[PDB]
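Novice: Each chain, letter by letter, is given below.
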Amino acid sequence: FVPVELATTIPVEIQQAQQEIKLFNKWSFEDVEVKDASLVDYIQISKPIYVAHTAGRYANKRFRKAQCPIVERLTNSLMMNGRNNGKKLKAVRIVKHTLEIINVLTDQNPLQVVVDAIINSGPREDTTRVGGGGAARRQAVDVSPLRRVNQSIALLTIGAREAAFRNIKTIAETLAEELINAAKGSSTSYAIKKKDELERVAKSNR
Amino acid sequence: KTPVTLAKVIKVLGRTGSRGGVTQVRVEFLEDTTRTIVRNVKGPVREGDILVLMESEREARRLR
Amino acid sequence: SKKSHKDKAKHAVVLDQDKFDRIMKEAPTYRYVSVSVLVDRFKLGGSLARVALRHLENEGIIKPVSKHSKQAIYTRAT
Amino acid sequence: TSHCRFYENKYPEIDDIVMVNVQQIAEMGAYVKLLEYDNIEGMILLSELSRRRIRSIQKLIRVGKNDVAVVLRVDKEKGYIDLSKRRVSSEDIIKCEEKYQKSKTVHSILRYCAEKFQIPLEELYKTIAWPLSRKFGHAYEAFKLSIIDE
Amino acid sequence: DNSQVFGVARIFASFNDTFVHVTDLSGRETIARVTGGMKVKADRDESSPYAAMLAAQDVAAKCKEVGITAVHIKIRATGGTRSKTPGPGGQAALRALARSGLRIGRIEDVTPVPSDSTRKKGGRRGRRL
RNA sequence: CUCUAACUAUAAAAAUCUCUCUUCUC
Ligand SMILES: [Mg+2]
Ligand SMILES: [Mg+2]
Ligand SMILES: [Mg+2]
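Protein chains in written order, with the deposited numbering: chain F, 22 to 227; chain c, 4 to 67; chain Z, 28 to 105; chain j, 3 to 152; chain O, 9 to 137.
The hints are simulated quantities; they were obtained by calculation from the structure and are not laboratory data.
Among the hints, erroneous ones may be present.
From the derived model, a few chain F residues whose C-beta atoms are all more than 10 Å from chain c [what the hints assert, rightly or not]:
| no. | residue |
| --- | --- |
| 1 | 57 |
| 2 | 171 |
| 3 | 217 |
No more than 30 Å apart at the CA atoms, straight line, and that leaves these computed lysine-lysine pairs for DSS-like [unchecked claim]:
| no. | chain 1 | residue 1 | chain 2 | residue 2 |
| --- | --- | --- | --- | --- |
| 4 | O | 70 | F | 224 |
| 5 | c | 11 | F | 214 |
| 6 | F | 214 | j | 35 |
| 7 | Z | 33 | j | 118 |
| 8 | F | 215 | O | 92 |
| 9 | F | 224 | j | 12 |
| 10 | O | 70 | j | 78 |
| 11 | O | 70 | j | 80 |
| 12 | F | 190 | Z | 29 |
| 13 | F | 47 | Z | 33 |
| 14 | j | 12 | F | 205 |
| 15 | F | 190 | j | 80 |
| 16 | O | 47 | j | 80 |
| 17 | F | 117 | Z | 29 |
Here a beta-carbon is modelled for each residue, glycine too, at the ideal position from N, C-alpha and C.
Let the hints inform the model, and build the full structure from the sequences given.
Specialist: Structure, rendered in structure tokens:
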């Protein structure tokens with residue numbers, strides 16, 4: 022379709038009809054929906070971005086974290102445990118491999134899988150340490166949606182890191198299996214397990 | 004059973020808690036918006052946001 | 028410290044004829060073909076996982092997806 | 003193989019007494035295995051852990067060893083148990099530990115028989131142990147009578 | 009009157025372990041004694057509003073199944089010589105009855121009042137915590 | 001030259017302390 026005359030020719034799939042901004046020219050930000058209405062407005066699948074990595078002024082005001090690209094936030098939160106500070110390119114490669122795996126396993130256009138996972142892994146009831154001295158008992162509160170998504174993404178990345186540590190399954194594979202098991206109700210995922218523990222300990226200490 | 008309800012917060016009635024992290028929210032049930040409750044939220048939130056609850060009639064007092 | 032793992036043969040590293048046959052047979056019907064996944068079946072130590080995995084690409088037993096180093100992304104050949 | 007319940011069902015009942023072993027304490031308390039019933043996990047969070055003020059965290063928990071326990075809630079869908087240790091009176095703890103001692107003693111003999119005949123321990127408990135516990139209140143008393151009366 | 013089968017709540021609400029105990033309109037036959045401590049464990053939440061809510065729901069279910077539809081509510085503090093103030097669980101229990109189906113009529117305070125007699129517990133200086 | 005309404009939910013424990021005193025006048 023319309024091979025445009027250039028003295029420096031972009032390859033075909035990178036050229037033809039790019040009036041179709043997508044993630045990696047592989048996965049579509051269209052056909053992506055959030056199930057819950059609670060986590061919408063705090064998941065930024067609205068803007069299609071070519072790389073989940075962008076130097077944004079996204080920590081100046083109180084809620085500028087809300088409109089950061091969710092896949093970019095997953096990349097960014099992937100870098101943890103000192104030996105990996107900075108190194109955003111490695112995190113981007115890891116998320117790219119994870120996106121590939123999420124594609125080929127359980128085709129299910131991977132952005133939908135990741136958004137479903139973060140939706141179903143955002144804890145809604147937590148506890149605070151109201152106990153002053155004598156009755157050091159924690160009391161239950163409910164969770165703000167921004168806190169929900171942030172805690173879900175942190176739980177997913179920390180479970181991925183824990184699984185991949187000193188193990189033969191590469192961090193891409195571990196993150197992908199974490200996301201897949203989180204998208205379904207599979208209690209084998211670390212994130213869903215800890216989130217369930219949090220919800221249940223909130224229920225116990227209402 | 005999962006009797007969760009969605010409630011849109013319309014007012015932030017200040018902040019409370021021991022360390023000062025949890026916030027008062029005046030939520031208004033998305034089903035039958037005639038009813039309003041006050042409850043206690045961990046994490047930042049603005050007006051117009053919605054919340055998911057399991058307990059519905061629990062109008063918890065100020066944390067202290 | 029002490030070796031509290033007490034694991035088995037820490038994966039097989041020398042190939043066998045039956046191992047060759049089972050890799051050739053079961054290369055499809057497993058959607059994911061990555062070095063760690065080949066290792067997961069206790070069949071492959073890992074050093075030859077990339078090697079045998081490359082050998083599967085001699086008459087298209089598995090099709091590629093990506094060729095980034097430090098991993099391998101292969102799917103069953105349709 | 004060492005496994006199987008000591009009492010009738012697999013799930014603990016509401017408002018009963020058990021004695022559990024501790025293996026791990028993460029942040030909210032200790033979710034621990036039970037030695038009076040089956041082998042599933044059940045949690046004690048820190049509020050219902052120490053009758054005295056919460057001063058010694060590891061001294062009173064002693065990871066790896068056994069202690070009296072009381073079950074509050076049961077989730078009869080998945081295998082989750084809510085449990086405590088503060089709420090067992092000084093009068094109670096002794097009967098708690100006596101029941102555990104009896105249950106543990108009856109276990110090993112049928113363990114030996116199951117190992118020797120390669121029969122699942124569940125089958126031996128279903129066949130001989132449970133009807134004895136129904137007849138006599140407890141199986142060890144049944145074996146004491148078996149020494150006396152055939 | 010469209011045959012609202014009246015009953016009476018007779019809420020007892022102290023600083024400790026509020027009570028909800030429905031009887032007949034004559035105040036003789038018990039219905040749904042279930043108390044504050046029944047539905048809470050730590051014994052500290054005995055007076056907590058959530059305890060009242062849970063006991064209230066249990067009473068509401070039992071009351072609706074036996075046949076009492078409308079319930080007359082009386083709140084009773086500890087009363088006598090002791091502290092004259094309605095328990096914190098009373099409001100929660102009343103609200104919870106109000107929501108859960110059973111209709112409400114003629115709420116009044118029944119907390120007894122002495123003629124300042126039978127000297128109160130504590131001594132002269134009293135509790136000196 | 002003119003009028004009486006809004007009311008909440010705090011108590012775990014915390015004992016003791018060695019020198020050394022130096023000043024105001026055009
Ligand atoms: Mg004092
Ligand atoms: Mg004082
Ligand atoms: Mg002295």
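Novice: Against each hint, give a clear statement of whether it holds in the structure.
Specialist: Here is how each hint holds up against the structure:
1. With a minimum CB-CB distance of about 7 Å to chain c, residue 57 of chain F fails to clear the 10 Å threshold, and the non-interface call is violated.
2. Once the 10 Å rule is applied to beta carbons, residue 171 of chain F is inconsistent with being away from chain c; the minimum gap is 8 Å.
3. Once the 10 Å rule is applied to beta carbons, residue 217 of chain F is consistent with being away from chain c; the minimum gap is 13 Å.
4. For the suggested pair residue 70 of chain O and residue 224 of chain F, the alpha carbons sit about 24 Å apart, so the restraint of at most 30 Å is met.
5. Between residue 11 of chain c and residue 214 of chain F the CA atoms are separated by roughly 28 Å; this keeps the pair inside 30 Å, and the hint holds.
6. Among the hinted pairs, residue 214 of chain F with residue 35 of chain j is consistent with the structure: their alpha-carbon atoms are about 18 Å apart, no more than 30 Å.
7. For the hint pairing residue 33 of chain Z with residue 118 of chain j, the CA-to-CA distance comes to about 27 Å; that is within 30 Å, so the pair holds.
8. Proposed proximity of residue 215 of chain F and residue 92 of chain O is contradicted: the alpha carbons are some 46 Å apart, above 30 Å.
9. Of the supplied pair hints, the one linking residue 224 of chain F and residue 12 of chain j holds, its CA atoms being roughly 24 Å apart against a limit of 30 Å.
10. As the CA atoms of residue 70 of chain O and residue 78 of chain j are separated by approximately 23 Å, the hinted pair is consistent with the 30 Å bound.
11. Pair hint residue 70 of chain O plus residue 80 of chain j holds up; C-alpha atoms about 28 Å apart against a cutoff of 30 Å.
12. Taken as a hint, the residue 190 of chain F and residue 29 of chain Z pair is honoured in the structure, with Cα atoms around 25 Å apart against an allowance of 30 Å.
13. With a CA separation close to 44 Å, the supplied pair residue 47 of chain F and residue 33 of chain Z exceeds the 30 Å bound.
14. At most 30 Å may separate the alpha-carbon atoms for a hinted pair to count; residue 12 of chain j and residue 205 of chain F meet this at roughly 28 Å.
15. Of the pairs offered as hints, the one joining residue 190 of chain F and residue 80 of chain j holds, with about 29 Å between alpha carbons and a cut-off of 30 Å not exceeded.
16. Distance check on the hinted pair: residue 47 of chain O and residue 80 of chain j sit about 22 Å apart at the alpha-carbon level, within 30 Å; holds.
17. Distance restraint check for residue 117 of chain F and residue 29 of chain Z: the Cα-Cα separation of roughly 39 Å exceeds the 30 Å cut-off, and the hinted pair is therefore not satisfied.
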